[PDB]
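With chain A's structure known, arrange chains Z and g on it following the hints.
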Amino acid sequence: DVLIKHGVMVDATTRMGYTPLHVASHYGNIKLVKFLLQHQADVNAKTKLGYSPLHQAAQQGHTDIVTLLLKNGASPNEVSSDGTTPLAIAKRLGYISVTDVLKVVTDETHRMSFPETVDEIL
Amino acid sequence: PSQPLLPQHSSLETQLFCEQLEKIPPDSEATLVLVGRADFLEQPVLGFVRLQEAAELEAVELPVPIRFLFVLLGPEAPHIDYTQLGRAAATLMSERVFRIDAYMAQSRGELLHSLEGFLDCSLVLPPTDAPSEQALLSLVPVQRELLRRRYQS
Amino acid sequence: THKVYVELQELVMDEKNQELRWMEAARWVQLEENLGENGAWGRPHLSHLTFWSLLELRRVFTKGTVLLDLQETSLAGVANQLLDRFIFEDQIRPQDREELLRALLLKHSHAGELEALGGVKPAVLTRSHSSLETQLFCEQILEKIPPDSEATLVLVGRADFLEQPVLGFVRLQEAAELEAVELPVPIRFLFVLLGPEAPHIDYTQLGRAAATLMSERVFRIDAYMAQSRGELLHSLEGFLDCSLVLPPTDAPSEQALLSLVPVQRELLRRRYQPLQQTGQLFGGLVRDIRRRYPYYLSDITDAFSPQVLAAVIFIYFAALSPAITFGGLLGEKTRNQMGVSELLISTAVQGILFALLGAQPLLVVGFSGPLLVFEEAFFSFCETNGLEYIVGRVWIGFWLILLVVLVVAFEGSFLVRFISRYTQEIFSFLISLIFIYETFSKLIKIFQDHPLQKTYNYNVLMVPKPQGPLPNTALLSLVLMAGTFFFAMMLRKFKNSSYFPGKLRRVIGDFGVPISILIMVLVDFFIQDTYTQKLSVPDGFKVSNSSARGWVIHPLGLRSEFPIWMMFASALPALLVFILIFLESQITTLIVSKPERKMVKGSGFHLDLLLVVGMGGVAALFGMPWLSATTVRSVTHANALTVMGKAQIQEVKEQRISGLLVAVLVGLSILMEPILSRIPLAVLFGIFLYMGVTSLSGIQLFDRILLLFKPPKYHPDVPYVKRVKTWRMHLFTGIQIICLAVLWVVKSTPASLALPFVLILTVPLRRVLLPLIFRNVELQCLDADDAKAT
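Chains as they are written, first to last, in the authors' numbering: chain A, 685 to 793, 802 to 814; chain Z, 184 to 203, 217 to 349; chain g, 54 to 181, 192 to 203, 216 to 348, 371 to 743, 751 to 894.
Same shape as in the complex, but just chain A:
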């Protein structure tokens, strides 16, 4: 809240194209996903490898971020550069709930995306 009130760019991208919405969907922090979506985050933003904030939530198994992302405009059937749609990343690691929800919204048709992290410690 303080950062957004200061004027921080909501859709800032890292070296590989990850947005704060991407990281929040990856780590399962839904209250911040809701906050970013309220503050005009790109729900269909794509990294350099074509991964959406919905491919991260499905590769990490967060079924409620899958829901809240779908309801806020997340587009299924979008294909990353690796060739995987959010429902196959789901089926590939066998998340029954994320696959069960993404199966309803996804029409008929081995790389894991990980956001950059800080390893600094004193």
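Because the hints were derived from the structure by calculation, they are not lab data. Treat the hints with caution; some may be incorrect.
Unchecked claim - Derived contacts from chain A toward chain Z, CB cut-off under 10 Å, selection only:
1) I714
2) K718
3) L752
4) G757
5) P760
6) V785
To be verified - Beyond 12 Å from chain Z on every Cβ pair, some chain g residues (computed):
7) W94
8) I220
9) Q374
10) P563
Claimed, not checked - Computed cross-link-like contacts, DMTMM-like style, restricted to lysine to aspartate or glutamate with a CA-CA straight-line distance of at most 20 Å:
11) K715(A) x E306(Z)
12) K698(g) x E755(g)
13) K718(A) x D695(A)
14) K755(A) x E306(Z)
15) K219(Z) x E257(Z)
16) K892(g) x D821(g)
17) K787(A) x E329(g)
18) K817(g) x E238(Z)
19) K631(g) x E777(g)
20) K718(A) x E306(Z)
21) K116(g) x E238(g)
22) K430(g) x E535(g)
23) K787(A) x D325(g)
24) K826(g) x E882(g)
25) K56(g) x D325(Z)
26) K829(g) x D807(g)
27) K715(A) x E225(Z)
28) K755(A) x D316(Z)
29) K775(A) x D325(g)
30) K219(g) x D325(Z)
31) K715(A) x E249(Z)
32) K755(A) x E341(Z)
33) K56(g) x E249(g)
34) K787(A) x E341(Z)
35) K219(Z) x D325(g)
36) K755(A) x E312(Z)
37) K691(g) x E755(g)
38) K219(Z) x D784(A)
39) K715(A) x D223(Z)
40) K892(g) x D807(g)
Backbone N, C-alpha and C define an ideal beta-carbon position, used for all residues, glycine too.
Positioned in the frame of chain A, the structure of chains Z and g alone reads:
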């Protein structure tokens, strides 16, 4: 106490399913729905409470913390069955898009918007003289698209 | 009992010709079959419904327009009776009748003709996404219909000019094969669902819900034997009782739907068993003429009603009796230089001219108390100085014309905008109180003249008036006054009552005052022995004192040469008279033309002041009284022409005829002496009491005085109660009561001519001293120009 003035109708689910806890997830939180009849109250009232921190109440015997409280109290009125009203509130709370929206709601308007899409994606099945069990299966596509419409914007 | 074939048709347009027509959309034989694009009927399926569809179906069926056993065999009649029963039940306006029957009489296309039209698109009527079922069943009859079957037609359309969605349910006495709409089986039931674009109303879903309702056997039987809308509604409630809703769930669809089989089988078990300143010279006068004179034709045609006649009969006595009384006192006080005949003629002529020309014809013009006091003082002044009274008035009236022309030229009537509801209501309440007090003091004087004694002198001379006490006179006068007041109030209550046919009841309520007057005059007439004081008019149209003056008064003097200094010194009495007439007339115009009184024709402050003061100046030349727009008389005139709604003021019979007729009758009052000489003054006293008590209705000061005697839990839901503390409102009310007491004290003193200035002093009190003790919001809620919540 008192005996209700309006005619008593036996519960349909009791007549259908009754007459003849390890499944609970570890991180799940409880929702208590309380329905009561009060002749002294002017109109039916709804009370929805979300606690800041989930708390263990003596109301629920289970070791599941309470997060949400549903309070539906009112006088006897036509077309108002408080058991059925509590069942509807509990079914709404059990819905996925509604739960996640009740968890994230910061005002009553968000809850109202969530209940509107539950009603838009609800399939009303009117009475028919011939239950064929095969014309029912014709509504499978209808059920699937009303779910794609709830799971989607 | 008959089997059904339901047909749903929608208002559409064709691509080839852009012509509105009714297009086939779905049909019901045993299951629902939908017509999609390219003209292929879809798969038969169970008639699933949406929650909003059944919601709004119940909503519009509750206010439904139901025609049963209609004896028509063609669509045009069904369409004419329905559109009529629509007007009768106020579902649609009469103006949108035509367009709707032009819509209901368009061509009804069917499945075969769709291809020849080059496509069909949805349309919305003007006054001058694909369906779920199509998406899920249509992307990819005569044999089935039973021989003894009857058909139902559901007509669904969108019309933006309609205010609300409208449902029309028509059942025919005999099954008819309509020529306009061709069906394999004759039409019996006809659903008409029309209305504008509204949230949650998909008209396709409304028609599907209606058709599914008609396909149900129990509702079909109930509608077959229905005799009122309530039976249809009860059948619909039973239908919704057996309706089952499936919420959006993640279970497998086949098992999810198969779980509903025992629930349905159980659920259906027993079912089947003006004041702006323009800045241009005479600008307000010109604007008043332009505002009102366009309505002149309406000002004559709007009086064609019995209510206007009852108002004429009311205001005739209400204006004649003050004329006679004030003329008699005026003659007593001026040695008949001016008198009853002069006042009657002045009242008649000025009333006729004002009704024909004024921008507020509802004002009643006549002589008042203040104006009598002014005369009596001038007279004595002239008596002390040896001046001719009548000639002074001719010079006062000469100066009156000068003042009003200058005021009208410079739009001086724009200062009336600083007179708020505060001063208006103080003045109105004070004048009503004085009216009631004088009415009671007249009865007290009657009792003083004829006291109750043990013995009376049976030989008492009666001409001109009785010279001693008479038996039974004062008590009978009290009886007549009380009876007239009682009958007037009871007939006023009867007007709003629920007794008798409504038209007759409202007519009798309109004539309540004339009927009370007639009853009590007859009662007094059938009592021959007892004396009661009657109306007295002069013998003819002649001056009261033929030895004093004629009809025309010479400005230079009658008996002695009128001094030149008093010609210029008459300006100060002229200023006093102008202030009196101006304040009385303008506050009367403000009170009668409140926005809450529903006056939608406009009032002219600059024109009416010009007419009144100029006519008074001219009447001065003829030895006749100058007049003013009287408050109680004009408020009574407005209330008599006010039409009430079904509590709420609905409209006003604004016209020029009632005041014109009142003035004409006042002028003819001398010729109708045989009628007036049999009317006691006591009956008129009761009528005056009625006028005084009914003149308090619109005053919020009187309403707040009554709240001084009510618990605050009984106070009405009004802005000055719900937004101001009770003791604050009582302090505001008590401040006004202090003003009323001070004004009353001034009236009962020799300096009663200073009353307009003390009243004007309330304007500084409201605009200066009240903000010192009240906030802006409190003053806005309490002293509001149009009774609005700040």
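Hints and how they fare:
no. : hint              : in the structure
1   : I714              : holds, 7 Å
2   : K718              : holds, 5 Å
3   : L752              : holds, 6 Å
4   : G757              : holds, 6 Å
5   : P760              : holds, 9 Å
6   : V785              : holds, 6 Å
7   : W94               : holds, 15 Å
8   : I220              : holds, 16 Å
9   : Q374              : holds, 48 Å
10  : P563              : holds, 67 Å
11  : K715(A) x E306(Z) : holds, 15 Å
12  : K698(g) x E755(g) : holds, 11 Å
13  : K718(A) x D695(A) : holds, 14 Å
14  : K755(A) x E306(Z) : holds, 13 Å
15  : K219(Z) x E257(Z) : holds, 16 Å
16  : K892(g) x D821(g) : holds, 12 Å
17  : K787(A) x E329(g) : holds, 16 Å
18  : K817(g) x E238(Z) : holds, 19 Å
19  : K631(g) x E777(g) : holds, 11 Å
20  : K718(A) x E306(Z) : holds, 12 Å
21  : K116(g) x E238(g) : holds, 14 Å
22  : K430(g) x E535(g) : holds, 19 Å
23  : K787(A) x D325(g) : holds, 11 Å
24  : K826(g) x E882(g) : holds, 10 Å
25  : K56(g) x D325(Z)  : holds, 12 Å
26  : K829(g) x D807(g) : holds, 16 Å
27  : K715(A) x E225(Z) : holds, 17 Å
28  : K755(A) x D316(Z) : holds, 15 Å
29  : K775(A) x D325(g) : holds, 17 Å
30  : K219(g) x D325(Z) : holds, 17 Å
31  : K715(A) x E249(Z) : holds, 15 Å
32  : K755(A) x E341(Z) : holds, 15 Å
33  : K56(g) x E249(g)  : holds, 15 Å
34  : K787(A) x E341(Z) : holds, 12 Å
35  : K219(Z) x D325(g) : holds, 17 Å
36  : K755(A) x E312(Z) : holds, 14 Å
37  : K691(g) x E755(g) : holds, 12 Å
38  : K219(Z) x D784(A) : holds, 18 Å
39  : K715(A) x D223(Z) : holds, 17 Å
40  : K892(g) x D807(g) : holds, 16 Å
Violated hints: none; the structure is consistent with every hint.
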